[PDB]
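Excluded from the complex is one protein chain; the other protein chains are retained at their positions.
When the chains are written out, they are named A, B, C, D and E in that same order, and each has its own residue count from 1.
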Amino acid sequence: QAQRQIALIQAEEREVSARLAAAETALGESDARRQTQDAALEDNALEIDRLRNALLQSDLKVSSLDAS
Amino acid sequence: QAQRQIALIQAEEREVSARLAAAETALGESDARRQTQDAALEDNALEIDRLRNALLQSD
Amino acid sequence: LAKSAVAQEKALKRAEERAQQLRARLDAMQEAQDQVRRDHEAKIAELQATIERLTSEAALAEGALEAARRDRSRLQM
Amino acid sequence: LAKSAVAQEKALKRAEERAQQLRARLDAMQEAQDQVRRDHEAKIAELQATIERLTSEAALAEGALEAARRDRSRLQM
Amino acid sequence: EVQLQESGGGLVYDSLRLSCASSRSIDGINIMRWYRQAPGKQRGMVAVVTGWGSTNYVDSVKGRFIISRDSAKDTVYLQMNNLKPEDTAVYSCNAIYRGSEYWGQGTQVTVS
Partner (left out) sequence: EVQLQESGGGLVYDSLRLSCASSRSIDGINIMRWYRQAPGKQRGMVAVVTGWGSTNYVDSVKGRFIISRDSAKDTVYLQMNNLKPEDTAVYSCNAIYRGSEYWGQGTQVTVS
C-alpha cells in the first residue's frame, strides 16, 4: 500500500503539469484578452463620442439654416 | 516511513484539490463574462459603424 | 448599465446554490458521527462486561479450587 | 437603481466568504475523523488482545486442576 | 432472557459429532465456551471460541479437538475423532452475554 501511495505521487505530479497547468495557461489567455477588449472599450467609447457628439455638433445646421 | 509518505499525501492532495477547485472556478465565470462582454461591446461596435454613415450623409 | 445590473443578479444565484451545495455535504457527513461513533462507543461497553466476569468466574476458579485442592493432595504429609 | 449594484456587489462579496469560511470547517472535520479512525483501530486490538490470552489462562490453569484431580478418587472412595 | 440449544449425542464401538445452536441474540456473542461433566462429579471447560476465533483448549485435548465457528447461523462445531473410552462425560455448551453467563440443558458423550 505505502508504495501505491508512492505510485500516486508521480501520477499526482503528472496531473498538475497536466490539467493543473492547462488551467493556469488558460488564465493568462483570458486576462490578456480581457485587457485587449477592456482597454478597447475605453478607446471604442472614445471613438464613438467624438462622432456621436459631432452628430449633434454638425446636424444642428439642419434646422437653423432652414429659417433662411 | 509509511507515515512519512502519507504525511505528504493528505498534505499534497489538499493543496492539489485547492488548485483544482480554485482554477476551475477562476476560469469559468470570467470566461462566461468575457464572451458576453465581447457580445456586449461588439454589437454596439456597429453602432458607430451605423452612425458614421449617418454623419456623412448630412454633413 | 442593464447588462452589468443583470450580470450580478445571475451571479449571486449560483453562489447561493453552493451555499446549499456546501452545506449539503456538511449535513450528511456530520451525521456520519452521530450514529457511527456513538454506537461504536457502545460495543466497547458490551465487550467491557466480559472482562468483568472472566475475572469474577476465575476468582472462584483460581483461589478456592486451589485453597483446598492442594490442601487435599497433602497426602505427602 | 444606480447604487443598486453597490448593494448587489456586497452579496457577491459576502457570499464569497461564506464559501471561504465554510470550507475551512470541512477541512477540519476530515482529520477529526481520520485520526480518530486510527485510534479506534488500536483500541480494539489492544483491548481484544488482553482477552485472547486470557482464555488461554482460564483453561491451562484448570489443566492442573483436572489432570491432577483424577487422583483424589483413588483414595477418597 | 436468552436461550441456548444443545445437540450431538451418540455411541460407537467410530463416527461422532456435536452441535450447540441458539435461536435468539444471534452473534451477539463475546467469549463462549464448552464443558464436560463426569457423572456425579464436577464441571469444567473443555473448549472455547471467541470474537476473533482464536484457538486454544484444555491440555487434555491438544491435538485432539478442532473447533470452528459460523458467525451467521450461531452454531459452533468441534472435531471429535480417534476417541479413547476414558473421554466420556456430560457436555453442556456455555455462553456469556452482557457479562452474564447462560447454561443450557446438557448432554453426554460416551465411547465404550
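Keep in mind that, in the parts below, contacts are C-beta pairs under 8 Å (C-beta built on N, C-alpha and C of every residue); 3 or more make two chains touch, one makes a residue touch a chain.
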Answer key for D:7, D:26, D:36 or D:49 versus the chain not shown reads D:49
For chain D, which residues reach the chain that was dropped from this view?
-> 46-47, 49-50, 52-54
Missing-chain contacts mapped onto chain C | 48, 51-52, 55-56, 59-60, 62-64, 66-67, 70
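Following the convention adopted for this analysis, only the chains that are shown with their structure count from here on.
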More contacting C-beta pairs: B-C or C-E?
-> C-E
Distance between the centres, which are taken as Cα means, of chain D and chain A, whole angstrom = 54
Rounded to the nearest whole Å, what is the centre-to-centre distance of chain B and chain E, using the mean of the C-alpha atoms as each centre?
-> 74
Out of chain E, which residues touch more than one other chain, so two or more?
-> 31, 51
